Amino acid sequence: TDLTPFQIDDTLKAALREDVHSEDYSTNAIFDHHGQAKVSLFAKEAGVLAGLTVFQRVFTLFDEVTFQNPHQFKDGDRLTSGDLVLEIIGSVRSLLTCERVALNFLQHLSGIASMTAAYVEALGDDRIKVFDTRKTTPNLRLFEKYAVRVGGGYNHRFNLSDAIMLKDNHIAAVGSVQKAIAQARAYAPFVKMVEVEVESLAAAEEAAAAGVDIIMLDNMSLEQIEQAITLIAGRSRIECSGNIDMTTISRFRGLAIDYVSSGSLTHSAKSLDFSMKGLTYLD
Amino acid sequence: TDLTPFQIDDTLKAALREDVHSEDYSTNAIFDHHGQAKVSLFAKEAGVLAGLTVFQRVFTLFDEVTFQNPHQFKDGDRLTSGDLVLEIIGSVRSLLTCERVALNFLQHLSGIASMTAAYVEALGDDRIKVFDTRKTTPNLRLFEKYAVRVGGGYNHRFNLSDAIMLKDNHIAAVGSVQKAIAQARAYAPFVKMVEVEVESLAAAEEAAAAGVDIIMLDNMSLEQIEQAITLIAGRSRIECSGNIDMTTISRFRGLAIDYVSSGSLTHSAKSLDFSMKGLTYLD
Amino acid sequence: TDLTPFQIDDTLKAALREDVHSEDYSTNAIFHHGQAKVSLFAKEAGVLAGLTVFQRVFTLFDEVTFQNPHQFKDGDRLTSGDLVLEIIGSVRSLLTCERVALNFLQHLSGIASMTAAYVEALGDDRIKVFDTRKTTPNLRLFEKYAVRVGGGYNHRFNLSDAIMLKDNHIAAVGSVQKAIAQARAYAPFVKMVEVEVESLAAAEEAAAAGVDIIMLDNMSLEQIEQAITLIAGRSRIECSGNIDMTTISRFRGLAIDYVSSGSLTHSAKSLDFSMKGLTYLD
Amino acid sequence: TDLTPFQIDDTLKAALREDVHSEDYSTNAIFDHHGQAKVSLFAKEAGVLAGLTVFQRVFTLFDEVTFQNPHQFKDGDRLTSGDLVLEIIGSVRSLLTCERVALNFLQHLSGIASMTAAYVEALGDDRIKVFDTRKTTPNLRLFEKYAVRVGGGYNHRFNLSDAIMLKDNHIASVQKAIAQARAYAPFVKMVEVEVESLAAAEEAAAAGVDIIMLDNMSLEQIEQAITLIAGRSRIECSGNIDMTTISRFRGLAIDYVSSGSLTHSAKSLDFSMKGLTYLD
Amino acid sequence: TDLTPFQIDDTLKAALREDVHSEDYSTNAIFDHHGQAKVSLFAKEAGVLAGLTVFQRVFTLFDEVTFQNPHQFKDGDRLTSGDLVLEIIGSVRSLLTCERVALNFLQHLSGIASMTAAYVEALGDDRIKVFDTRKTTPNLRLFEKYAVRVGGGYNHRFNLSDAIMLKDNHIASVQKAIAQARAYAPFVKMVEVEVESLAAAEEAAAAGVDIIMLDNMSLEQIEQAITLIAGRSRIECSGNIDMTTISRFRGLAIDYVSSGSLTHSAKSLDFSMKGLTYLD
Amino acid sequence: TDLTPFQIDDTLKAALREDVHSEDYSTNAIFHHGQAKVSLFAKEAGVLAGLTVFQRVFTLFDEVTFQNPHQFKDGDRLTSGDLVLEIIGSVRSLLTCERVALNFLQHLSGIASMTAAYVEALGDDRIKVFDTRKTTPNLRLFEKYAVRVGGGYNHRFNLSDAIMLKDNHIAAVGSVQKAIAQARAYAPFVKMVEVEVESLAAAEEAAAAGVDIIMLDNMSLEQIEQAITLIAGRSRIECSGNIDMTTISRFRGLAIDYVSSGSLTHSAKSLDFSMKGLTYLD
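Chains as they are written, first to last, in the authors' numbering: chain A, 6 to 288; chain A', 6 to 288; chain E, 6 to 36, 38 to 288; chain C, 6 to 177, 181 to 288; chain C', 6 to 177, 181 to 288; chain E', 6 to 36, 38 to 288. A prime marks a further copy of an entry chain.
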């Protein structure tokens, strides 16, 4: 589901203002006469397209700009270098001044979508979902979460307010898996999912017995993981997390866990290369 | 030179608000009684430290929090996994709730500094500087620029307003390298540096003759580059750019150019791993 | 857990600015930067909520200290004539910062009091009283807090917190089970899913679909009872709609998990307080 | 006079942001390739309509949304349960995601207007006017003041900066207080004094103040004060005023009364949005 | 009465942001391991001091900065060139990066105060008062209004919402205009009317308005109007008022005059920050 | 190049809000949503600047159209009694949105006019007239524009735009050459570097150090002339300080690149306009 102007406008404005504090001298010195012009957006690298309407919105907040999409490209579609993703039509000053900010969004989000897509394939198991985390670029979580969905991934909680996750230390402070779970439930009844991070087979048992929604198996071995699965017997949903990357992710293939999660999808994504070229004046 | 609260506060607040829309239920359910506590910040990966005071400021905007720095770590210092970078002292709720946002800044910036440092070494020529670009994460340019300086790199223009750069299309619109340069100068006299992107040996000549400040040699071969240098004869500063990464950067070693620039330093930096662990209550 | 400056400061500042566009002429004309004391009195029985909010209004504006002779705190029961707080500072800060502070305190204490009253009227510990998103615009955080203070509980703060498939959602999709399926496909595992249901058939459909919470909307006791057995613990159960002081007792003793009321936040009478007894200080 | 985007937009945006921090998951999950949809706004309780354009603006900031108003309803009109106030047309996403915030405004403002209208009717004297106060919901004063006008009430000062009012501590020679106000103020502020005793009412009237407030002073007292003031100032009666009480002032020669409870503790008026159908 | 952080902070922050978009490169380039430094604020031109605490606040929002005031200067005090108004102590980075913004405020406000003071002296009659207008620099009205008070002037309405003023189009039966204002307004707004002819001045005074504005009406006219008005209203003379002109009103029984040029076209007053030295 | 809505809208809105806190009572009491026309007249000779700003104030507030009989634009010379614009819309929008619009227009036209006057007084094309950072807080953008409109040129907008090593910077470091060296080391290649210099010795030091721009601060003509030859085109030259209408002509014919004046922006008299001649429309 696409991102809306309500959601993105303030962020894009800020970004435009970051890149232009007075004016775009280089563009304004050369270009004048205010003729309409056309520029093309080209993919320069293979991957997955994400953030296209975000890209567009940067231009549209700045000036009156229209678009042409010859190949009907949309977020999710596979890209190959040289592909004509969009044509952008408007005044020269608007096209050149808005370009870098627009691309910066598009490159970043397409990079994440691409990487998410790659992880899914590397895993090669539909039955196991690929989830993101809170290890996101500050103030862009919304956009990054979106890119992950686009790439075929799924969203974990957005927030510390969304859902409860009882980590390593939380159990210790209470001194029982069961008590930590109980206090969580008492504190925020009914309307919050509760998850627990567990390093131990005993703790996984304790937690499943307590009736939690999701159990996180933290950096556990395959032997350990397999035992836990049988032990839990579908009493909770099972997430594997930690030390999960392109090389590692395939180890989970075929297990009866519900999902895995990776921070790298959002904290360490390479951006995907695009360029805007072929500027011509309209007749 | 370190980042100031005036510069970073609004951004960090926004980030905190992004991660906490109502409250941190998971932390609030388990922890109460408001005892002071101590937590340790550990490096988990080798590289360069950047964003330490940013990390700190996240806690300090939220609550009364103090720090201890046993090893006197500061931005720029080399890190090795297991290193104790900081101890953070304050109320448990403040420590756990602020953790992820604080780390997200620290990881991201240290990742950039590390990568910048790596590029500098790979180049192995002091006489040639490593510069960043405008291919930055929207609304964090300031922070990323800083991380590049920390890693031993240098800053290009911050902005479209900072300085003039006449790219591929700008020359064509005017139809002469010399005329584009002239119009730039006429438009913003004296107080703006002027740079031109050049793909051709002829154009490099034209530009040097015109008296520009900086000539950018775009994706040119070493043979081409070397000819241009001799041809320009120190009439302008020389930047090489395009297709510059870890593998490629060493090709510039020993040339009489002033600097090279890379977008990857900011658009495709891996974050550097840290963790906050060892939570204990103070006596 | 109390509200904090990080959470409340921008709101209180805005409120102060609303009440003082240039200066407080009437107070300034008569006054000194000469210390004074004023007393905060409860003028009506109920539950105290928003005391640190009240305090913060003064503290943002000027250097002001407080005395709390009776160690009053949010959640405590109030009776008229009670001395809740003494406020000490310059006369100008006290007079100018009075109306705004009280406006917060009166409003929140009103909500807490009303929440507390609903809980008692229900007279069943086993059934919790929840709030809603029918809140006063731009004060949700504060109102949600007041409900907790009065012994109530918080429903989702937001459209982003949890999924709730209401009448209008069901209509857009045209089916209960299909709407749940889509919600489940869209936000697996980490979001609770709730459905509003008007009929027993739909309650069945929903329970079978494996939702987390079923809302029984404005259903009769007979209906409710049937639904309970029929749902058979496959989901949590909430009752909602047409729930007020008179009505709430009807849920007493049922095997539902909670009830929810918009009135707690959209129609709460404010609780009366006054600030009086200005002594001068030396 | 209706409220404007210039006045309300920032507030509504903040309200929308309060209700949607990331996304509207429930609505986004049901997203489909359908076209535009229509939903109806129904009154569910009798009273007075206030905040209709505010209601509308919540949708219009968010997305492209149009309206149909079959019965030509406008702020000030009387409502009866089951009344079709508006039809809202636009994308399903916009209608459902904007609903609660829009209704929260409408319900709150219609509640105040209704209550104001009820107080007016209860007092029954057109000779008097019913005024509001500064006992308003923080950061919504502008909207609440509007609702009071809509319900047939009148606005007192918006602010501590609008006009001068002399209080208890301030009251502590009350002719000297008036003098200082007028002097300390430029000659562009109305001055009002709150008075408990008849002696003070006279001093004040002699002082040439603009408005004299008779505080919780009973009918005999009030009646004497009126005569004594002899039209030298405007007269406000205040304190201990409620639906039950307001009738005591019926027919007195005073100019107005004021009530905090109008904004202070107004019930919201019930509405609902239902009947979602896709357009053809 | 001095300005407050609650009033000024957002404005100053915006000003600082205007002057520093990324960083203060010039100052950061010279960063060293020195300690605290001291810099002096000097008056460089004679006039009246206004905006001193505003000046101070610019530094204090940014960083930890302290002040020393050897001569106990405060807003309203007369200045002579070479006067040491303040010493500013803090880190070099904070002093230099905050300087220009802080001075811009101080210079602007001291300029207005000075000009106001000059107008007062020029008119020479304490019986009259000198008032400002709404002809203010956008988004700084609050600060400019303050400076006018500091220079011995007085404040007219801050706003279109503060008070009522009847204009030319509005003037087009002028007793009916007054009636509608008072009716359309609640009984809490001062009403003023701008009048060109003596007939209108009388109608208005009879109407019981609070302030009558005699517009660009000359001394003979003015003098007749005064007598005719007979203290039924306050009298303002306005239009065609300047340093040269203001003296014509000396000794008339009018209450005040107003000038746009006070805020409209005030020269800023020169100051400088110099004498940077490191502390020991 | 004209100012734009993206650039100006938030400022104008703030300005409107400053002037109208609730409503325009005086205008509303008398009025219609009945169209009317008003004329904008120049009341004083000078240069027109800020016309589209003027227009935008109305356009943000309501639906308003304009007629420009004489095709006036920013930069054009004005003479009193000139009809600059006709404004058409509802009476309420015209009366309420009048003072703010004019305040912008008067201010900017004042700056443009003053800039234009300085250029003429200088009477040397070869020497440009620059502005400074001595601007009215929060209007720099607008003032910088007005200077260009009057035939002037813009200096750095910001502390972030370019490096300028002033008196106070030189003191902190204790040397001219060392300050330049540090600036050069800190921001190589992409930032211009300028130094303020009071003495010939320092001018030499600076030129030798290879700066981009030397500022000759409040120096005598004799000094200036010596400096020019001595600098020998190693840097651009700016003269600044104590530069006004009377003084500016002294620079005529020197081989300097430009002069700068704070007065253009900190001490500009506003240019008089009025809005009158309200016809009603049908």
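I should point out that these hints are in silico values taken from the structure, not numbers from a laboratory. Heads up, the beta-carbon is just placed ideally off N, CA and C, and yes, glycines get one too. Keep in mind that the hints are not guaranteed to be accurate.
[Said to hold, decoys possible] Using 20 angstroms as the maximum straight-line C-alpha spacing, the simulated DMTMM-like pairs for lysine to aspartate or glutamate come out as follows:
#1 A':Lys-282 / A:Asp-223
#2 A:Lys-282 / A':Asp-173
#3 C':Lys-18 / E':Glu-28
#4 C':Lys-172 / E':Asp-223
#5 C:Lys-18 / C:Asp-88
#6 A:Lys-275 / A':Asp-250
#7 E':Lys-275 / C':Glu-50
#8 E':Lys-49 / C':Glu-50
#9 A:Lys-282 / A':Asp-223
#10 A':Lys-49 / A:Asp-250
#11 A:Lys-275 / A:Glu-50
#12 C':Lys-282 / E':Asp-223
#13 C':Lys-49 / E':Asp-223
#14 C:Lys-49 / E:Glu-204
#15 C':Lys-18 / A':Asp-14
[Unchecked claim] Chain E' is nowhere near these chain C' residues, computed Cβ spacing over 12 angstroms in every case:
#16 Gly-87
#17 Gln-229
#18 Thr-253
[Said to hold, decoys possible] Simulated DEER-style distance windows between Cβ atoms:
#19 E':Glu-126 / C':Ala-191: 51 to 57 angstroms
#20 C':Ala-238 / E':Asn-224: 40 to 46 angstroms
#21 E':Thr-285 / C:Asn-224: 38 to 44 angstroms
#22 C':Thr-252 / C:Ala-19: 49 to 55 angstroms
#23 A:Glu-126 / C':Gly-40: 57 to 63 angstroms
#24 E':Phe-11 / A:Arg-256: 34 to 40 angstroms
#25 E:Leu-287 / C:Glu-228: 51 to 57 angstroms
The hints, checked one at a time:
Restraint check for A':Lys-282 and A:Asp-223: the C-alpha separation of about 15 angstroms stays at or below 20 angstroms, so the hint holds. The suggested pairing of A:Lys-282 with A':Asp-173 holds, with an alpha-carbon distance near 9 angstroms, which does not exceed 20 angstroms. The straight-line distance between the Cα atoms of C':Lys-18 and E':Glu-28 is roughly 28 angstroms, outside the 20 angstroms bound, and the hint therefore fails. Only pairs whose Cα atoms come within 20 angstroms are accepted, and C':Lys-172 paired with E':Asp-223 is rejected, the gap being roughly 50 angstroms.
For the proposed pair C:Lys-18 and C:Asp-88, the alpha carbon gap of about 28 angstroms is over 20 angstroms, so the pair is violated. For the hint pairing A:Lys-275 with A':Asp-250, the CA-to-CA distance comes to about 13 angstroms; that is within 20 angstroms, so the pair holds. With a CA separation close to 19 angstroms, the supplied pair E':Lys-275 and C':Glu-50 stays within the 20 angstroms bound. Of the pairs offered as hints, the one joining E':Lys-49 and C':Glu-50 is violated, with about 32 angstroms between alpha carbons and a cut-off of 20 angstroms exceeded.
Taking the CA atoms of A:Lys-282 and A':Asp-223, the gap is near 15 angstroms; set against the 20 angstroms cutoff, the hint holds. A distance of roughly 16 angstroms separates the Cα atoms of A':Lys-49 and A:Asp-250; the hinted pair therefore holds under the 20 angstroms criterion. Straight-line distance between C-alpha atoms of A:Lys-275 and A:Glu-50 comes to about 12 angstroms, which keeps the hinted pair within the 20 angstroms bound. This hinted pair checks out: C':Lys-282 and E':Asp-223 have alpha carbons roughly 14 angstroms apart, not beyond 20 angstroms.
For the proposed pair C':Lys-49 and E':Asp-223, the alpha carbon gap of about 16 angstroms is at most 20 angstroms, so the pair holds. The hinted pair formed by C:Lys-49 and E:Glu-204 meets the criterion: a straight-line CA distance of about 18 angstroms does not exceed 20 angstroms. The straight-line distance between the Cα atoms of C':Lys-18 and A':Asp-14 is roughly 12 angstroms, inside the 20 angstroms bound, and the hint therefore holds. The non-interface label for C':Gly-87 is consistent with chain E': the shortest C-beta to C-beta separation is roughly 16 angstroms, beyond 12 angstroms.
The claim that C':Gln-229 lies off the interface holds: its Cβ sits roughly 21 angstroms from the closest Cβ of chain E', which is beyond the 12 angstroms cut-off. With a least CB separation of 15 angstroms from chain E', C':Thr-253 remains clear of the 12 angstroms interface cut-off, as annotated. One distance hint, 51 to 57 angstroms for the beta-carbon pair E':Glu-126 and C':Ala-191, holds here, with the actual separation near 55 angstroms. The given range of 40 to 46 angstroms is broken by C':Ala-238 and E':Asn-224, whose C-beta atoms sit roughly 59 angstroms from each other.
Remark: the range hint 38 to 44 angstroms for E':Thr-285 to C:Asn-224 is contradicted by a beta-carbon distance near 55 angstroms. In this structure the supplied range 49 to 55 angstroms holds for C':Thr-252 paired with C:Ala-19, their Cβ-Cβ distance being about 51 angstroms. For A:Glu-126 and C':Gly-40, the hinted distance range of 57 to 63 angstroms is satisfied, since their beta carbons lie about 59 angstroms from each other. About 51 angstroms separates the C-beta atoms of E':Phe-11 and A:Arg-256, a value inconsistent with the hinted range of 34 to 40 angstroms.
Range check, E:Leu-287 to C:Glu-228: about 39 angstroms between beta-carbon atoms, so the 51 to 57 angstroms window is missed.
Of the numbered hints given earlier, the model fails hints 3, 4, 5, 8, 20, 21, 24 and 25; all others are met.
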